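A single chain comes next, written as C-alpha cells; it is the form deposited in one PDB entry.
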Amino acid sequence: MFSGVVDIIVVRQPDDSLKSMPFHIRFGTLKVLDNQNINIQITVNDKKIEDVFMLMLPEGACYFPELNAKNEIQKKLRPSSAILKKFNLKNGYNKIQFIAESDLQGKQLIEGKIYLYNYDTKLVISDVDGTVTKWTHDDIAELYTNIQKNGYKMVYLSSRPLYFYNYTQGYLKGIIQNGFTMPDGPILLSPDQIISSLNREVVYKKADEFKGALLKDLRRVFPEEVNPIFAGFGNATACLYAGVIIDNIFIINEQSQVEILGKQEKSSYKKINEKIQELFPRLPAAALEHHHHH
C-alpha cells in the first residue's frame, strides 16, 4: 500500500561515471488494469528528463529496461551511468518525481529524494530506532549537526516496515533540541523490508545479515580505492566489515551511555560533541561546501 520513493544514493566515480543504489519506488494507490501498458517518467529538480523511462511488473515493482550485448532486455533496479547523467543532479539533495501513466487517462505522481555524493565523500551511519529514539536521546541533534558541519554526511538506517517510512522521515525532520535540528540526509531501508522479484537474491540471507549486506552495498557504490563509511552509531560486525574502524563504532544503551568500541571508553553524545575535533576532525574542502549551501 506504500506510495513513495526510498531515498536514492548516487555516487560520482573518479572516471566521471555515475553509480547508484537501487531505485525502490511504489505506486501503492494506483489500480493497475494492465502493467504492460504502464510507463513511468522522471522529473528531477522540476525538469522533465527526456528519453528515460521505467516499466512496471505485474507485482508493482518498477525497473529500468536495459539492453545487454545480446539485445536482451535486463530488468534493472540500478540505472546506467548514461541514464543517471541525464538527471543533471547537483551535489547533495535533489528533488525527484516519478509519474506513472498508461494508455488511458490518469497519471500517478510520487515524489522522493535523490542524493549525489562525490567519490571522496565521508559518510556517518546512524540507526534510527534505539539510537536516535530512546522520546529522543539528549544532545544527538547538536552532535549530528556538528558532524555535518565538519564535512561528513549523516546517512540514516531503518528496518521498520515500508508502511512507516514516510513517518520516520517526518519524525527526524521534527526533532528539535535546544534550537538544534537533525541534518538532512538519506534514510536507507533494510532490503528485507522491500522484497520483489527484482531483488529476491536477498531472500537467501538470514534475518541477522540484512544490515551488514546493506552497508556493503552502500560501500560498493563507491570506488574500490576509497573507504567512504567513516563512523557508525548504533544501539558492530556490520560496520567493521563495511570498513568502519572499531574506534568509530558508537553503541548507545538504555541509559543514554555511549560505548566507543575498541577504546572501551564510556561516553555520551554531549561528550563526543565536546571532543568533535578529535573524533570527527574537520574535512576542510567538504566543510566549506556544506557551509556555503546552508
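Positions refer to the first chain, counted from 1. Take the two forms, superpose them, and find the largest set of C-alpha atoms that agree within 1.5 Å; that set is the rigid core. Compared with the form deposited in another entry:
Rigid core superposed between the two forms, residues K205, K85, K95, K149 considered: the one with a C-alpha shift of 2 Å or more is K205.
After superposition on the rigid core, displacement of the C-alpha of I176 between the two forms stays below 2 Å.
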Given for the second form:
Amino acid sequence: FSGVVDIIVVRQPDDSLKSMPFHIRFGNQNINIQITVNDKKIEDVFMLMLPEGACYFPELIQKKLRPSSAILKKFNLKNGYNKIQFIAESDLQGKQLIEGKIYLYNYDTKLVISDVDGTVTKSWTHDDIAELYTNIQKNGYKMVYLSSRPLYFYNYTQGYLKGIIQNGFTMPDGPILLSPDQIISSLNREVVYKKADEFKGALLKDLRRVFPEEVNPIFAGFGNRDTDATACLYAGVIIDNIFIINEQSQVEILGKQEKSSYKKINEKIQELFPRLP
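Mind giving me the form deposited in another entry, seeing as the form deposited in one PDB entry was just shown?
This part shows the chain on its own.
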C-alpha cells in the first residue's frame, strides 16, 4: 500500500485541534517526510519512518500517530475537504510523493456512518442510496464511510464510490475509515488489542472521542450485519437511528422495528434526518 488513509481533524470549542491517527504508508532513519497542505508547504513539520514503512510525528521522543494542536494549526486547514501531500525524502531515493485527504470538522458537526460491503454493495449497488445520502448531506449532516477491507484495496473502494451514479444522484464525498485490524504497525500494535475483536465499535468510539463528550457527533449509522448495529450503539447512536439492510434489500429501522427501504426512508427524509440549524 502507498497512500494516505483519510485524515479527520476536529476543532474543539476553544479553537484547539484534535485528530484521529494518521495512517501514512510508503511501499530506516535516513528518510524524512515533509507535508504539503492545499499546495502549500508546511514549514518546520516533518514525519519519520519506521522499518516497516509506518510513519509518525516524532514528539519530544514519542512516536505519535496523532499530532498535537500546535502541529495541526500550522496546516492552515479549512473546513471540509483539504488536500495534503506527503513527500518522502532520502539521499538514496530522492523524492517519493503521495497524496491524501484531510478533513476539518467543527465540534458541533453531526456525522452519519455507512458500511460499504453489504450496505452500499449488494451481497452491484443498492438502487436508491445515492439520493438518500445526497439528501442527508443536504440537510447539514456529513457522510462518513467505513470499511473493513484490506489496505491493498483502499484506493479502489474510494474510487469506486466516486464512479457510482444512480439517476443523476452521486454519493456525497466523505472520508473512508478502516477497522484497526487492517491498519497494524508496531506503533499502534499494542493498543489495537486492548480493543479485542470489536474493531468497528472501537473505531467509532475512537472517532466519537475526538469530539468533546458534552456533544454527540455520531447521529446515525447504516450497516448490514449485527456488528454494524452493535458499533453504533456503543458510539452514542440511538437504536432509533440505526438501519441495517438484509440480503433481500429491506432496510430494517431497528428502533422502530419496521422494515423499510432507502427510497422509503428518502421519502420521509426530513422527519428521520431533520434539517440542522
